[PDB]
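Enquirer: Got chain C; can you put chains D, E, B and A on it based on the hints?
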Amino acid sequence: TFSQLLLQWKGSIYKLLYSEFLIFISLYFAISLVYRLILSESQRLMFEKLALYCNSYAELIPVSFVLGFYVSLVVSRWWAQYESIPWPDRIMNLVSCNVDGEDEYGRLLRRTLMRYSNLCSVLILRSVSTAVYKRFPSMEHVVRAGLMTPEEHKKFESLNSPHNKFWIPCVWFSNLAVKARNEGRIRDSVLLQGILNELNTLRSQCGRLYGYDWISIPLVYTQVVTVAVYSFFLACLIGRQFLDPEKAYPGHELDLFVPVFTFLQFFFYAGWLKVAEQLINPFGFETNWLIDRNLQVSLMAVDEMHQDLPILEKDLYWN
Amino acid sequence: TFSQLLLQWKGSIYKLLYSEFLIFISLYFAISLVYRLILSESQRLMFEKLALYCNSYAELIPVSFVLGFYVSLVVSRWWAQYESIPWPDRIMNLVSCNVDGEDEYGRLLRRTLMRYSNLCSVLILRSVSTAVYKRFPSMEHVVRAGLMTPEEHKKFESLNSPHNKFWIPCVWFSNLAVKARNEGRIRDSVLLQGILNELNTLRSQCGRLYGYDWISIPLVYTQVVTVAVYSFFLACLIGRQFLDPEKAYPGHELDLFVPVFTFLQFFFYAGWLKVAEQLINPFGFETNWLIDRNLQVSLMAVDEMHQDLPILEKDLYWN
Amino acid sequence: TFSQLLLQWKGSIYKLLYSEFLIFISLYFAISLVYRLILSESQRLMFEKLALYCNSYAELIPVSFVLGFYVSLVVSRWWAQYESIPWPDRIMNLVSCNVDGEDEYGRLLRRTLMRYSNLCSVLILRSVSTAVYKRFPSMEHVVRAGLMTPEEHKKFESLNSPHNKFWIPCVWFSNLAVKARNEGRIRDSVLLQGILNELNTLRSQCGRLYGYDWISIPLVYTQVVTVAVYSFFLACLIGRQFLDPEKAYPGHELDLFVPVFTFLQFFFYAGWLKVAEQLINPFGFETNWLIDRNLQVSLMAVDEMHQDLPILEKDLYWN
Amino acid sequence: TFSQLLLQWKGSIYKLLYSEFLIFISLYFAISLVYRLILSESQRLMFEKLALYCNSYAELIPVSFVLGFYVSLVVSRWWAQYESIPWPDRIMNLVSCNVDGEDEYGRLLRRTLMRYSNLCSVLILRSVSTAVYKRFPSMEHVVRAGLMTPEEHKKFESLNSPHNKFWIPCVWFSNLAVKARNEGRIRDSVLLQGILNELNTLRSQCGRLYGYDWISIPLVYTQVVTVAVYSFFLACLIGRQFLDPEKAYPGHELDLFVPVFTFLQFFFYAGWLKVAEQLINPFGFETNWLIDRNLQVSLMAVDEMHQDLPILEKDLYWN
Amino acid sequence: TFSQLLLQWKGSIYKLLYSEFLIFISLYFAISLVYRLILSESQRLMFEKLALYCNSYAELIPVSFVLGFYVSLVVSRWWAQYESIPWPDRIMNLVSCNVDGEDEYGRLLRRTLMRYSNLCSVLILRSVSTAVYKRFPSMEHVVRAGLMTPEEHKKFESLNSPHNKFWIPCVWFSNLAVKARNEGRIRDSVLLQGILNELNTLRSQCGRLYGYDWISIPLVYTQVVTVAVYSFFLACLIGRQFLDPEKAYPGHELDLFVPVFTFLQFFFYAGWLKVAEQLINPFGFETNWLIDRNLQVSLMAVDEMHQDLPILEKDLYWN
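As given, the protein sequences belong to chains C, D, E, B and A, one line each in that order.
Residue numbering for the first sequence is 16 to 299, 305 to 339, as defined by the entry's author numbering.
Residue numbering for the second sequence is 16 to 299, 305 to 339, as defined by the entry's author numbering.
Residue numbering for the third sequence is 16 to 299, 305 to 339, as defined by the entry's author numbering.
Residue numbering for the fourth sequence is 16 to 299, 305 to 339, as defined by the entry's author numbering.
Residue numbering for the fifth sequence is 16 to 299, 305 to 339, as defined by the entry's author numbering.
So here's chain C without its partners, still in its complex pose:
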């Protein structure tokens, strides 16, 4: 199963390492052809004493430390951001059953509550993602996709605040469910409070995405691991050359014109640096798909599925 995953291209390592590899191939053979064709005899001698100096400081081992601890923090943080995505499904199961009414008003009342829950999720995704920000560059594009009505857009800007306004529909939700309770649509206080708790569960997950994006991996700690990988390949552009074996240096007794086991270390060390680079901004998760799923499912379960059940009949294991 791992033996066949090398041959895939889309989303693989070769599409991602296609540009940095051809730079490394170009800077390798250019230095080699200067040594092989251009430089004079004593100038070949000055290069060989420099390549032996560069070949010692390419210790493979302390580069493998800093890539291991860095990437393991990136992937761990990447898993926490997916667990912090607001799924509307817990509010959806309570709005669909405890907000009573099957007339025009109570149907409109349920559809407004689930449209506030998704709006409290879109307005944080368009600040932490670049794909959702390209889908909704302004607030008018949110109105065009029907997440926000033209009456809610005007109220959204009279509320004047210099901060991120993702918390606006999560206060509109709880004020509408109390207004729904005081008209008889929600029966009890216990059922009202159960709806208000799953709001604050989703309020807190939108408050984690608001925190993981703004507080990233430290920029100084990114820059350490990129120097040490580029420093390793810096010495390998000089140290891993094939010299002339006539001068009997230790470890250069065969010319091969191409370092096979050095270019495989490029797809190891630089490829394990591109792991952390692809995951440090994981929103450029199909989040345009994610919004289309959550909006379509939520409005479905509270409008087409409110108190209309299949017929209760006996199953196959009846006694």
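In short, the hints are calculated from the structure, not lab data.
Built from N, CA and C at the ideal position, the CB exists for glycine as well.
You may find that some hints are simply not true.
Unchecked claim - Quick list of simulated restraints, FRET-style, between CB atoms:
hint : chain 1 : residue 1 : chain 2 : residue 2 : range
1    : D       : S47       : E       : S55       : 28 to 36 Å
2    : D       : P260      : E       : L48       : 25 to 33 Å
3    : E       : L269      : C       : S47       : 44 to 52 Å
4    : B       : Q23       : C       : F44       : 29 to 37 Å
5    : E       : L269      : C       : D259      : 27 to 35 Å
6    : C       : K334      : E       : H168      : 46 to 54 Å
7    : E       : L48       : D       : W309      : 51 to 59 Å
8    : D       : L336      : E       : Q23       : 39 to 47 Å
9    : D       : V275      : C       : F278      : 30 to 38 Å
10   : B       : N175      : E       : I295      : 50 to 58 Å
11   : C       : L48       : B       : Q19       : 23 to 31 Å
Said to hold, decoys possible - Here are some chain C residues pointing at chain D (derived, C-beta under 10 Å):
hint : residue
12   : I28
13   : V90
14   : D115
15   : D118
16   : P165
17   : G199
18   : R202
19   : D203
20   : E213
21   : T277
22   : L279
23   : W287
24   : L294
25   : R313
26   : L336
Expert: What follows is chains D, E, B and A alone, placed relative to chain C:
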């Protein structure tokens, strides 16, 4: 205890590494017999300078880094997927006691609720597993096993959605428990809300299996660790040869016809790569057993065990 | 404090490594005496070229990787199993106060509830432990210790299920607390539901021990780390010999008749493999003590301590 | 994306390593010029035998261990402190809806509750941060920013306690919400208890910041990793010198006047020590911004947004 | 900031490593003076062949593995024990408001409840700490500090149990709050159950300290890492000697009379073993301070702060 676990075959390392080992044995002795029998005297000399080149780039240590951090992420993620399995037992203890009625209707009413809870678990297991998907290739096979009645199958397809419909029975559950409350079968709002919370507990565990399967370990990070293991064994097909000791190379002063301590490194490095490969798709967990347990226990505890208790008598420690 | 913990014997490393060490001492000096006394002069020469071959493949470093990542997964999983032990103390504090009645019936009613909670814990401990399984080999031994009355034993076998029946008393609990509520012993629905939630808290902890035991560390991943430790000591039975220093091999210029710094590596590498071996089955935790504590405390707090409090008098800090 | 993050200055590694680098450059070339210009011929010989001694104890590898495990504990603890920040948004959604009243009193009553919640967060941030402590050096500065009224300041000092008084407004909150319930402003006990639970959720997050600051990474464990980095660079001020290549030492056959691959190890090892140093006091998080956001949003959502909703009209997906 | 933390003494590494260092200095120069002054010429020769044998088995790298994984488990477990400390503040906010009454009885009733909560925390701290056990050697010392009245001391010993009796006041709490509810002091069942849940939250944190102390890091795993550190310094007492450079051994061409870079490895390896040793018994946390804080704050907030609030006046941001 660890001393005797080497000799087991079923589920061991030797059943899993039987094919990749005989390829490695075949590619080893074939290269050796070309050096020993076919190649001429100067052609033996060109091989020996290539084997000394290959023997240096087989550094054992930076391969052991990338297998350690990779497999430790695989096993950690493997443990989270087992903790995310929906057990019906928490809903089962509340449906069996608070959904009152011992006539034909209330018995049918309890058995429908626990059959929706298992159906909200099967429809996510047949998307994350290949064994359950072979057990239920279509939705008609779910009806044949009695998880879904022929009235619920027709309602399940009138609900039109281009997404995974595992959320359908978790909305049918909460709408039936509210209908059960408004006929007098559930007594209070506090007992109704307690049933609706354990639904959303199981709704969230089905929503983790929906996430761990679709969002896997990154494909680029799989492909790094498989190059570096196969690159290590690539140099060992050339570097670990037994040369002629007459030419006095350092570390080749004895012919043995079989590298014992290299083939043990195959069962170390390739065997510690097969650990992550067996765990990255752990559903191909006896999940056909798991569904048969959860369905049989849930229907048992709400139908044979509703309010029929053993006789209250004094225990052994009575004063 | 660490300086004195070497000298302890009970539960130490020397009681655990007493058998594997004397095998390693025996296989060492036997190979040495063949080289020193039995083999001829050319046969001494063939051994010395084999010991130089074995001494290179005993790289200490890539063995220390696979023991570090393996044992750190074992100890982490070992800590999760202790946090998953059902303590009855949360149910005990609610049964002792909200299940009213001080006559013969309500006293019997409280003692039955806490005896179901411990029985829902014993029946999972006798499947995950070998010590509790030796304490209770059958179900009749559970009746002899008074956990199960002879009326509950007959009901326990009329309930026919091919699976583990630890879930039986956790359904008996919730059906008895509803019967207690409908006789006036529990006052309200809010107090009933609070008792039924701490049942499902303990139901879920018994459902983790049901999962950590059946789903272990993978058998292929155990077998990797035991080959690599035994392969390391395999080369050290040949490579770490003291040769004749007259032939001037590099690193053999002194005979000592006993490798002190190799036998210390046995108590390092094999001793750090016995860490994971002692922890991978941690039930062979004083779980016979644990059951005796939980049963005695639970029946105490609901029978001797129900609504009988010390006298309310003023403390030392009164104003 | 990682290729361009090297060139940034603000918040990068070069602003942080500007002072320690020029000390290291100064102590390098000063020792070199003493060897090159000042010392006599035999005194050059005594230095060269000292530089060969220093060059062996600069093992790069066991320094990379202790920096990896240390920094990974620092960054993990740094992520826990951001998850422990009290956001007022969960209390804000319940105070804005369940504390009824639109007259002068109930508007004043809501604004007092959210001003106690922020005050229970500021008084712990001015003990764990130095930026908030510079913003509020005394308690009078808290009154000047309007967090505390001049009547609450006098009560705050009559309460005499030798400890940190951050727990004072979290007891004032719960006593005011009970007084609000007993005047009819909060309707039920279920809605009162829901407000009192989100207080204790925020009480516990303020109790984590009270614990992460006082209980830090151990001072002995900080001092280990700083010796080992400074010891590594101590040997490199002697060992990494360019000697005279006329005396044919192994690894000194070329003069370069500047160690390029040693100064890159300064920006690797010392730069990966400055990662943990910047994160071990992460409050010197824009916490002056954080207080200005939370105070302005909380008073907004309970005063301008209490029960004043946009007009319920049909969305774009109406049928 | 890290540059100045070397110079501190109190709580540093030098106070902790003052005894083990002077032993290591004494055993070093004693062996050196035997080689330099006492032993004869051939006896100097037998030492030099032993020091070359000892210098190879002091591989720095596989000692750094076992200290890294061990200490990272110690510090992780050390952080969990601080998060498991029972703070009384969540019970304190509910007892201070929902236990009504301002006369002599209800004031006495509140002060008894918070004195049971601290007593359920002290009786577990005097079993897991040695400082609290020295503060309270018996149960009579608990009465002298006013935690337990002389009426509660007599009831505490009539309850006969061979186990740790820390669970006694956590059952007295819940029985007193039910007695307070049935006299009209607590209003509703919802407010009673909210007090009984924060008891079981604190009951579970006292049940973690009861578990982290009794179930420690395994004794076999402590003893591994202490052999391997002491074995490393064992070879360094022989291998790191300065020999006579007249005999031209590789790596001994300069006498220095003091190994500077070996004694720095003592403050690295032994100092990183003292990290885990100081943290494995972290109670010998200012827990005498902790009890004095929690008792004084809890009795304060329920007696001086019950329903006596500051005057509601308008803040600075009024409109």
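Enquirer: Hints first: check each against the structure and report whether it holds.
Expert: How the hints compare with the structure:
no. : hint                        : result
1   : D:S47 x E:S55: 28 to 36 Å   : holds, 30 Å
2   : D:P260 x E:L48: 25 to 33 Å  : holds, 27 Å
3   : E:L269 x C:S47: 44 to 52 Å  : holds, 48 Å
4   : B:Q23 x C:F44: 29 to 37 Å   : holds, 32 Å
5   : E:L269 x C:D259: 27 to 35 Å : violated, 42 Å
6   : C:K334 x E:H168: 46 to 54 Å : violated, 33 Å
7   : E:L48 x D:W309: 51 to 59 Å  : holds, 56 Å
8   : D:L336 x E:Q23: 39 to 47 Å  : holds, 40 Å
9   : D:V275 x C:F278: 30 to 38 Å : holds, 31 Å
10  : B:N175 x E:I295: 50 to 58 Å : holds, 56 Å
11  : C:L48 x B:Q19: 23 to 31 Å   : holds, 29 Å
12  : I28                         : holds, 5 Å
13  : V90                         : holds, 6 Å
14  : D115                        : holds, 9 Å
15  : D118                        : violated, 17 Å
16  : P165                        : violated, 28 Å
17  : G199                        : violated, 14 Å
18  : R202                        : holds, 7 Å
19  : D203                        : holds, 4 Å
20  : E213                        : holds, 7 Å
21  : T277                        : holds, 8 Å
22  : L279                        : holds, 5 Å
23  : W287                        : holds, 5 Å
24  : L294                        : holds, 7 Å
25  : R313                        : holds, 6 Å
26  : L336                        : holds, 3 Å
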